[PDB]
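Shown here is one chain on its own, the form deposited in one PDB entry, set out as structure tokens.
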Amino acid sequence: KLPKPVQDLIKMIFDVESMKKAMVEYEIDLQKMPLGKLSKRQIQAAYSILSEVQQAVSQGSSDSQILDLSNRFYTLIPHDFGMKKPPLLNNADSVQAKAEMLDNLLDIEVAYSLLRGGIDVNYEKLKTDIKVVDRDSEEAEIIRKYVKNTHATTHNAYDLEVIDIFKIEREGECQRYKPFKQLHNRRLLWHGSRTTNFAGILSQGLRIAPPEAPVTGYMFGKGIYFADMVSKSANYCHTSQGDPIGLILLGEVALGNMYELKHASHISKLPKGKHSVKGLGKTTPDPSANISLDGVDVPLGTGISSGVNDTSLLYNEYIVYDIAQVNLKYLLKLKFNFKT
């Protein structure tokens, strides 16, 4: 007895088929490790074979001091590689590659455990008010301008079809955000992820990567990363020609004074007076077209060449370092219409 597109959403984020599909594309042995035998008791433990492992990658531990450490990782998380010896986590892009797997397995466990514990019944245990914003409304027009308007010419392999668009109120997130409601420079920015992660995201909110996690992949370290150009967030949906429908969040992120870095720092504590970091993009929406909804700075002009050059990022990245600085306002269901 729920609205149609929300009933479809709840199925899409709790679909066990979509999880098992992700575990053989990650090359996990589903005979040696089903969804059931996954526990959080093995999660930080999997990071334990990464925190005390990457700590042996930058000197190169030598299989006197690696083989054993790489060995105990396959005691908790087995992997099947056809008829070839198991990849050794001694090189650069392996201990990191396996870190993106857990980031998923983490919320892959959250999804199943919420689905197994206790479709209205599963919605109940997202502790979140999901309403349908209707196509024709202004509500639904400003969201669409933004999606149409802040598409990138680098990120144009696919066109961006907007299916149906929701309005999200997570339990507690209001109270939690109250402090930062009063902080200047609040922007409704984009945050895309794997559909499987949205079990976790809606139940727990956006979390900062745990401390055990591998160093890099985090350009500015362990924060909650946003962007103004939809395509760039759209990208972390990792939606494929196989399943072309993705989910992307709009959020209110209270940024106050942004620490404006044109270059990667593993920021491990902001420099007192700064409440966010802003990676400075080359491209940016005309800061003239930047609309205001409720004291929030909806940045939805189009790509202008802000000749800011001493930089690495083609488009801006917004990072906060406190989970309380975010207040998720919508969840977007959009189709990736690909072109090769």
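So that the term is clear: the rigid core is the largest set of C-alpha atoms that superpose within 1.5 Å between two forms. Numbering follows the first chain given and starts at 1. First, how it differs from the form deposited in another entry.
Core-based superposition between the two forms leaves all of 72, 207, 181, 131 but one with CA shifts under 2 Å; the exception is 72.
Comparing the forms between the two forms, the C-alpha position of residue 256 differs by less than 2 angstroms, with the core used for superposition. When the rigid core is held fixed, the Cα atom of residue 29 travels 2 angstroms or more between the two forms. The Cα shift for residue 142 between the two forms, taken after rigid core superposition, is smaller than 2 angstroms.
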Second form
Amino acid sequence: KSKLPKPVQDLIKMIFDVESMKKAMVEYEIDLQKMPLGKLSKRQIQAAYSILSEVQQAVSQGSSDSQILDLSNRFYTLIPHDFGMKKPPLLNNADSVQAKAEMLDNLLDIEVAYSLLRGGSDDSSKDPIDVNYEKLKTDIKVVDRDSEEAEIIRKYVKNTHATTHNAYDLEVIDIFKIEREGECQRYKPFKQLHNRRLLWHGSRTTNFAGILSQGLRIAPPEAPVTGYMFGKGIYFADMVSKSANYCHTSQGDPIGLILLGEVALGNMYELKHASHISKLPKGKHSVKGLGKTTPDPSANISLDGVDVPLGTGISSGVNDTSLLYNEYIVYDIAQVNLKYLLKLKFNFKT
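Previous: the form deposited in one PDB entry; requested now: the form deposited in another entry:
A lone chain is what you will see next.
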């Protein structure tokens, strides 16, 4: 029977729940009868990535729209869906390709979690919570609610909830201090880079067994670079509600998980519109998507030598931008050092 703190036990139970994995796939309208969770495979997901890349190439290189029709149907054969009586969305425009790329990103970490679960060694004299905790290769400690860490983090949550994201209120349930094995050594070449910032990264709960196991990762080479607004990198935000929207919580599942990561941004290539890149020009270390609203810079606080942009939202004065709020993208996984994991309750306004 596990000795782990009860909040950590609840976390392990949440991120390894198999039925949550199936619910996520059903939410995507994937046919569970034809393609069960156990038949989901990494090379199958990579093959689906390549079809999206084929669609990307066929659209831009001026091929037949007829081929694009066939590539779309091939995607729905490779990944069986079940839209009941409705017509499955056609894969012929960037809008549809980006939605399927997002779906494959989620399937990729679901496969990592399920394979983690069904692998390794097993011992019936051990609590499955203890076994699954050790499979994450991550030290997880509860942050004291009255500590100054929690104070700064709660202030960060309190001040950076955008007015536009008015559908819900956020309530911090647990603050976890996490150390992924090996990630600190991997981050060492970037530890002294300038412009280090503590930024948010939200994701579906079904992704976090893979995120704690493997870290935040760049989409595989088969993934289409045009499937993501700023290409294939790791995305962060400085508004907690922007990243909280990527938790994709609902009134049925109102508990979300959000990361605080130390990100070495260096020289930021500042952009106002989409730019589908996989690498940066020499002398640039990150992309900053310029939003119309930014945390007030005069209110930046230092936490363990890292900037925390917890200022309240003010106009950035940035002219023509497709972004309401800022985005930060790095294109090297060694530029990220995950520090905290928050468990939030979404209180939806009605």
